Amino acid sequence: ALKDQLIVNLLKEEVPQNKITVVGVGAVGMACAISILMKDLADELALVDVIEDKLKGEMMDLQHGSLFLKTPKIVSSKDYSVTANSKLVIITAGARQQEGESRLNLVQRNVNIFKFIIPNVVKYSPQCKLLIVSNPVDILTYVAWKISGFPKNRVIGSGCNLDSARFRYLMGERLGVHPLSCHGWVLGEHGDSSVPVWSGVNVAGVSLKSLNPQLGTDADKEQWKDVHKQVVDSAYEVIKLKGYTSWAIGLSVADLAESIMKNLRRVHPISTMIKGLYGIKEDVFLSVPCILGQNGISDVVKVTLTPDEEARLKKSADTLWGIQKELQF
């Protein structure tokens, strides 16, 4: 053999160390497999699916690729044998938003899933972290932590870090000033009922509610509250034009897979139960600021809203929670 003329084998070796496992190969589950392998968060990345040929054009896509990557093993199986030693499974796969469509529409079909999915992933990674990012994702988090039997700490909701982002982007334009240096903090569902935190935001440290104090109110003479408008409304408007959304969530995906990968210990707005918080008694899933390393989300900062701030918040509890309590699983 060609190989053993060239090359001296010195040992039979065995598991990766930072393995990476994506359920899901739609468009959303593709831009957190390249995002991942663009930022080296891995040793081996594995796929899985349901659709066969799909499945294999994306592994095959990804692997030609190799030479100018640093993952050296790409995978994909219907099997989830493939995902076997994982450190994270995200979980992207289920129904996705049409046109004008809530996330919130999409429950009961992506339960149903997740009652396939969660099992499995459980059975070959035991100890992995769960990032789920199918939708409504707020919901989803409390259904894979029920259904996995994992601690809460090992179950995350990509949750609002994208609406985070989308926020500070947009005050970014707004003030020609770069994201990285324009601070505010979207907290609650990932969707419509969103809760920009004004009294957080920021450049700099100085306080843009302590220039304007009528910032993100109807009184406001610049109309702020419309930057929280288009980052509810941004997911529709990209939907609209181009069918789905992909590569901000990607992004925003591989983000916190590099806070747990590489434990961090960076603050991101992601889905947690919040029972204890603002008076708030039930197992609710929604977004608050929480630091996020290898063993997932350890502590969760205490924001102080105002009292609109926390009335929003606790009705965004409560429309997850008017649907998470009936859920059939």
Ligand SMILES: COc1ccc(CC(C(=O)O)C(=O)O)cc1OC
Given for the second form:
There are 4 protein chains.
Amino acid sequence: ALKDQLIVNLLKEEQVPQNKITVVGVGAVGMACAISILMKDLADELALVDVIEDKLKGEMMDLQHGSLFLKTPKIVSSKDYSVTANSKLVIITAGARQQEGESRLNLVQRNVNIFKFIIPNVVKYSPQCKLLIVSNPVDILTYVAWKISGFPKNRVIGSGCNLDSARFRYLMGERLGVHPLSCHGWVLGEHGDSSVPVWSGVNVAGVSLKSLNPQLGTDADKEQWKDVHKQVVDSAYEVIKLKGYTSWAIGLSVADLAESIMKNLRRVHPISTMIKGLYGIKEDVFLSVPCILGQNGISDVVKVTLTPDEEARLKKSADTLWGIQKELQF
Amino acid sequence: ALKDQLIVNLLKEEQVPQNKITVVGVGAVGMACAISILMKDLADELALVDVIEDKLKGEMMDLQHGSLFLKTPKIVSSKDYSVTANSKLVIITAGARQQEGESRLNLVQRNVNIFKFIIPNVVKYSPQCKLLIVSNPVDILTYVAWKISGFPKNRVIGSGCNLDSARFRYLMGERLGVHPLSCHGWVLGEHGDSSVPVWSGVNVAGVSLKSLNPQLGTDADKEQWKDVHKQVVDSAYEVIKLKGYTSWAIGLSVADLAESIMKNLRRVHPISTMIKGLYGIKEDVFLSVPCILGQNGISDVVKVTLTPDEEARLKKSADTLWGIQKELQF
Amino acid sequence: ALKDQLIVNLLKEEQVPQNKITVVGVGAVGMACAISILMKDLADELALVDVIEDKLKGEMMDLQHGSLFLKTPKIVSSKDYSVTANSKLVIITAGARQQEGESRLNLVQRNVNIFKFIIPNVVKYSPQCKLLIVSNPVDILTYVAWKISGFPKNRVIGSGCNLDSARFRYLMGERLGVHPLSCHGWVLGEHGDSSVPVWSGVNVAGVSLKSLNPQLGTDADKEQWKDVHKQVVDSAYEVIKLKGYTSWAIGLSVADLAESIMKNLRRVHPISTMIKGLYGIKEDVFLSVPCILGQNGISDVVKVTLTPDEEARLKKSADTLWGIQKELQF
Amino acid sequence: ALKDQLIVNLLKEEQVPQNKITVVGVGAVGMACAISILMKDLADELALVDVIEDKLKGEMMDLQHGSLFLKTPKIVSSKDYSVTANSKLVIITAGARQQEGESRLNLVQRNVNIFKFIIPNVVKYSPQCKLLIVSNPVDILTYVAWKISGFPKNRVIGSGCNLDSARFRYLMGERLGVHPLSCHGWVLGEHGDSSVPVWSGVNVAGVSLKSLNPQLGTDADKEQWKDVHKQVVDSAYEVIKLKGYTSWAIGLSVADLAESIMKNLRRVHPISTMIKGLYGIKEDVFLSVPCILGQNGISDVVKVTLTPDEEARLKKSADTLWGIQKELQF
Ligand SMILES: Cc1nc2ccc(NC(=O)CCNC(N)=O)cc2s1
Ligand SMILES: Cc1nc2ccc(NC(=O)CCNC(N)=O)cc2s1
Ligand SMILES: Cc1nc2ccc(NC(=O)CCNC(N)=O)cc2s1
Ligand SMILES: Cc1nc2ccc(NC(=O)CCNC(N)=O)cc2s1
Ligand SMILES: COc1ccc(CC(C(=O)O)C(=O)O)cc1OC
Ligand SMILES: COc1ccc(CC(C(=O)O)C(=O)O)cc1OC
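Having seen the form solved without this ligand, please provide the structure of the form solved in complex with this ligand.
Once more the chain from above appears, this time first in line as the rest of the complex follows.
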């Protein structure tokens, strides 16, 4: 053979991936996560899983054909979860998505039923994995993945408000003529209608915008900064109305979280975690709060000092999510 | 105003972008080019153009929402070509796309008609840009763009065989257990069925594979390496059959060419250029040959020493393209 | 020639760089700036300038030999400023550096005299550049370069407190077990002994550390956070005492600023600019305040809301700089 | 405590890094390797070791101060090898370095003696690491590290001719007006005076320069291409004469090898390995040949088809190295 004429093999050794990532679901979101992760050089192996065989193989081959321009030497796919073996991170993007005028909370029964199959199959082959939930309603589905997997809470993360906060900062950036990287602001709670803009923490270079305009974020605000939070809430629906779905922003948001996990960065992100014991919440509610994210998932939670109005809005978001959690049939 | 309370403006300057890129066409190819360029930090401004207003706005908004995770501070879109002003590079991905079980040659007249509208509009707003043609059949459309624009040939580039060669190197790499970056081989001529694998230049670490297998790539090859080029030819048809279209690998190939142009790298790429005068070709035929690509587009061509077999196949590829091209009225 | 047998030239080589950067001074700082800029792919051309012939050629050759691993196709050097023609950014690192126990303020006479030769020569060849002053005392030298250059104040930037703030954020991060990217804190005023830690703006996820611990940064603080600012002030002295000079951190801080300039990011950095008109300062003092930094240099200044002690400390830093600056002759 | 008022801790992590790199030696080479690895985001932990206490601490602090600008969350140092525990890759740059006009072979006993202390201490703390030898004479010291470590040969790698080949490609690129990435050429054997330029494999786009010029690299060559190899051999001596040492190019060359190892790329590099069984070599000689480099180090060797003259020159390089190698006291 030409291979043996050209190359002398010196080592037999069984190859075990060291920084493997799995993406479950090859819809627009799953593929946006995959291309973003590949272009950020976060993985030494990428596995794709779906139930539609042709689409799955087609997507895998299309990524494989770009290998010369990448630094991820193995891209694989299968409907069989054995392909995901030894993942450090498993990203779940499978399930139904909301129609215009439909709440993400309406996807709950359909997506729980799918998670009942996916979750046990994913965890089986990857003892060192963190579970990163993207599927909606993300907060509820992070709780569901946590309950089905039996994993400790640090290992089950929802993409949550990482995207809502990126959108908030983009919009704040546009109003101020500043890059979103230098515009600070947190959108917490449900990744959905009940999200909470933390006006008290909105700042540029440590300068609180609320301290310059005490009415910031209220109906009495002359500049109507509340409209920025409304644009954040409505963003998925606006994009869905225009292009049919959303993909790029969520893909970049998920790759941002994959980077903190894979590189053990210990950066702070507003992502879905269990909040029992904070802000008077006595139940096993998952929602976004600022979390320290690294190689073991969420190791620490930042205790945000909220005003009584912000805390009441966060509790209202938690009560909404808890109500849906009470509807779950395991 | 809150902005004026927070920030002292010292310079009111709109200012022209210095490294602007425009992508014409927001289909799967155009958006894969867009995301790949964004993730490679090649531009300070990205402009998107299309005729479907809602689709265009939603795509632009979806990219804008990931701004926090990027280093391209301005993303704009319009059906109006005024949005493309001062582009250094304009990438054309618009038109009818290759269909299941159909040649790229079947899209020719429809895409020539679309180019009669696009090209003068691009030229009006960026008369000094480099045009990068991606739309199929790419070799013919690069010639078409060249004739319509009135630009010198160096500034009209076709993505051509940059992807066919990347596919070839991926497949060669899989066979040898070597990264495609270390597997060298060139696929020239038409970006399509009549492409030419240059078996005489196929090598690893300067070791000619043909020196180890004299029959390499011929019918008489005991290992049938011609099947690797057959896989290269068939790739888009297989991917289209499986997922409906191709996008990821072409987006990466296009970003690879955008990088050499924007960064004046002078790397060698197999891309579409006028081959009149080489290998006995006497007509204004465009096809892929290895070109030096930089800030002024194609400045030089590498003269590959083709074997009589390879030269015959390249002449045949040129004949197939000219045949279609001569019966073109514009 | 072999070149003409291999390559057919199709275009006359009138090469003019599009993103050229010049580094003046090839001491440890200049070279750390050069390597960091090369590794961030910020330039299509890198020019080096110094007065020591051998050292300059050796440094240029050593960078050139790494070209295969870089995306900066042209690296040049000369004592002659003609080599710096058409730069978009010129970084000044030339001049005397402080000994152990010597203030940066003591370098002023030597460095002003050097700037009288360097500054007109830089502007003569790069009329479109932004000037990035690194040489010490940076704040006074930014004012000096501005007066000599004839450039508008937005185009004359001092690296200032971009490094002091990065040191502050690293130390804060270490104490909290959070990445410095998520630890916000500003050190303003002189890049030297009179720098001001803005305790009121110190936060993680918008949570003010001063609101949690009112004693923060005072002598009554049980955790002695004032020692963090003391370590910031003493950093250069401590590192000089240990390794003889500093290079890596300043190199990275300068590359960070070069990135915001070259990519027009409009990120906020604490850098040297004219502060006359703010905090009751009436003289042409330059010092660090948070600035919006982009393609036209400093376009805007953020008005930080300082506590009475922080403001008095900032005014005192301005007085210190003015006491040295008022006695200058150039 | 402030940390506790701000953050709720969820778990006590293992804190064992997953992509740890150690650099032994904080001289100019060691630090250039350190900065290049840090800027390529290859590690989650970087450890530095040296015998000069002050210089070690100063260097570690200077890197730490740039953390905000990096993605390597932990940078540590100590004279004690306990700091190197669980490294995937250990890079040895320690020992005597060449003075002006000094042969690398002259450093042999001083470096073998130093390696007698270093190697057992590295093996004790990371028994599963890959060893990457940079210290000179690199080929002999890779043999020394292999014998002392007791490691299998795949895990003991010398930087060898990776830099010599990069210099060759830079020089070839400058002559042709092509980026070194598109210029292919291999320098094998000793990383020193007896290195071998493989003229038969020198090409651009698979076009052999020797096929165009049959006298390429000989005394009869009109363009004197042999001078390119002479420039390669003389490079380190020329740079040492000018700046006192070399650092940048070797640092980039080392980070390139580190990248193939850490990311399991399986790229081909000309690096030091055991060549027993090839080209008539019957002894445990280490020298540069093209190697497939990945997560398990050197898994395979490419068999280069050398001409009788090229093979005699390689056997000459082998004989020269073995002469010293066979009589080592350790
Ligand atoms: C039992 C099941 N396992 C899977 C695995 C993947 C998918 N794939 C998607 O749902 C992709 C399309 N959806 C979005 N939102 O992109 C569905 C199922 S059903
Ligand atoms: C006169 C015309 N101007 C344009 C501009 C853009 C597009 N857009 C596409 O064709 C995108 C979808 N097609 C592929 N190939 O992705 C069509 C036209 S028609
Ligand atoms: C009229 C003059 N033009 C120059 C240009 C460069 C340098 N070079 C340095 O000073 C580098 C070493 N200094 C530090 N601080 O790194 C000195 C002079 S004097
Ligand atoms: C027993 C010993 N262990 C070590 C460890 C590190 C170093 N450090 C250097 O040699 C750095 C300076 N030299 C070059 N080549 O950069 C020397 C020794 S001696
Ligand atoms: C699994 O499907 C999705 C998950 C999240 C998003 C992100 C989206 C949303 O939450 O609806 C958004 O906010 O843009 C979109 C998805 O399908 C298109
Ligand atoms: C031009 O010389 C320098 C400019 C800035 C620094 C940065 C340094 C300082 O300001 O002394 C620091 O803070 O590390 C160091 C220099 O030479 C060693």
